Amino acid sequence: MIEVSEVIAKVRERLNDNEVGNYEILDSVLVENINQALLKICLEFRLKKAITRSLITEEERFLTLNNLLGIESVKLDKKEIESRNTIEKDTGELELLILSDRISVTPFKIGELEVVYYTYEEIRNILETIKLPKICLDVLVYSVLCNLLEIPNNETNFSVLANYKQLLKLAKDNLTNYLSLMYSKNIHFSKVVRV
Amino acid sequence: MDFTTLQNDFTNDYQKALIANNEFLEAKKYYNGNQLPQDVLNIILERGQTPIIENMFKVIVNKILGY
Numbered sequence: 001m002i003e004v005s006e007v008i009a010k011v012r013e014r015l016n017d018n019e020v021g022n023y024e025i026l027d028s029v030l031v032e033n034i035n036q037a038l039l040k041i042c043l044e045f046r047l048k049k050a051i052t053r054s055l056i057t058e059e060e061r062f063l064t065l066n067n068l069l070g071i072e073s074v075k076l077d078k079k080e081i082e083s084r085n086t087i088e089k090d091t092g093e094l095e096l097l098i099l100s101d102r103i104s105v106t107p108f109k110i111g112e113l114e115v116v117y118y119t120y121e122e123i124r125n126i127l128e129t130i131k132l133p134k135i136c137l138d139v140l141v142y143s144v145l146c147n148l149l150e151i152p153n154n155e156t157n158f159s160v161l162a163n164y165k166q167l168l169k170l171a172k173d174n175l176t177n178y179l180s181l182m183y184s185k186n187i188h189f190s191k192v193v194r195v
Numbered sequence: 001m002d003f004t005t006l007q008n009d010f011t012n013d014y015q016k017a018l019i020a021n022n023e024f025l026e027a028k029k030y031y032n033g034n035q036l037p038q039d040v041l042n043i044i045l046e047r048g049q050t051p052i053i054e055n056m057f058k059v060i061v062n063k064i065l066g067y
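One line per chain: the protein sequences are U and P, in this order. Going by the UniProt record's numbering, the first residue of the first sequence is number 1, and it counts up by one from there. Going by the UniProt record's numbering, the first residue of the second sequence is number 1, and it counts up by one from there.
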């Protein structure tokens, strides 16, 4: 778990804005930028998988998720749902209807939905805590810092942004190392193709 | 002529003919398809591979016995 205070402190130090009195960058701006960074980080690395198992009937037809990034598996009464669409097809094959963080089934059928998806748990207060591995700290800083360096404070801000991009790439490499060590098999040989 | 020397001479004859009877049973196992060892079979089956056994000397013995 990462506290927001330490991310904020590192960003303030890096922006030469570690002054309690002045705060040229408002904390609302920093919290919004941290939300954006959490968005991008959780989308690119698929950090947070969530499972929701609800029921849809004729009364309520939609399943309201929260902070949706992507759906990787849908079951309806232990039956695979195959295609995804946003158009509300009248009849045909059974598809999953996505309505911008509302989930239903296109040629509607009474039943239950077991959906696997991805989530943010974004923050709104400086005293909150980000439920992410500590290795994700440097990728949060260096990603939110590139978002703020492009305020035209200095004539050489974009070269500094370019340097921070490489630093961010290295941080992402570290994060990928961690994720592979956690959630991946410890294998050393491949399997023969069986057809 | 009694049980004592019969048991002792059977032990002496069986222990000195075990290294050849083991090779006889190995040869009869190799003739009947059982040609791969256990560790080689495990190494093949851990990769998801089907172990193929080419019984190339069964047809040789079958040719000589057919003569």
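Take the hints with a grain of salt, since some may be wrong.
Claimed, not checked - Pair by pair, the computed Cβ-Cβ distance ranges are:
1. 39(P) <-> 187(U): 18 to 28 Å
2. 53(U) <-> 36(P): 43 to 53 Å
3. 187(U) <-> 36(P): 22 to 32 Å
4. 52(P) <-> 161(U): 51 to 61 Å
5. 52(P) <-> 50(U): 27 to 37 Å
6. 187(U) <-> 9(P): 56 to 66 Å
Said to hold, decoys possible - From the structure, some residues in chain U lie toward chain P, with a derived Cβ separation under 8 Å:
7. 108
8. 191
9. 192
10. 194
I should point out that these hints are in silico values taken from the structure, not numbers from a laboratory. Idealized CB from N, CA, C, for every residue including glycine.
Tell me the numbers of any earlier hints that the structure contravenes, in ascending order. Those not satisfied are hints 5 and 7.
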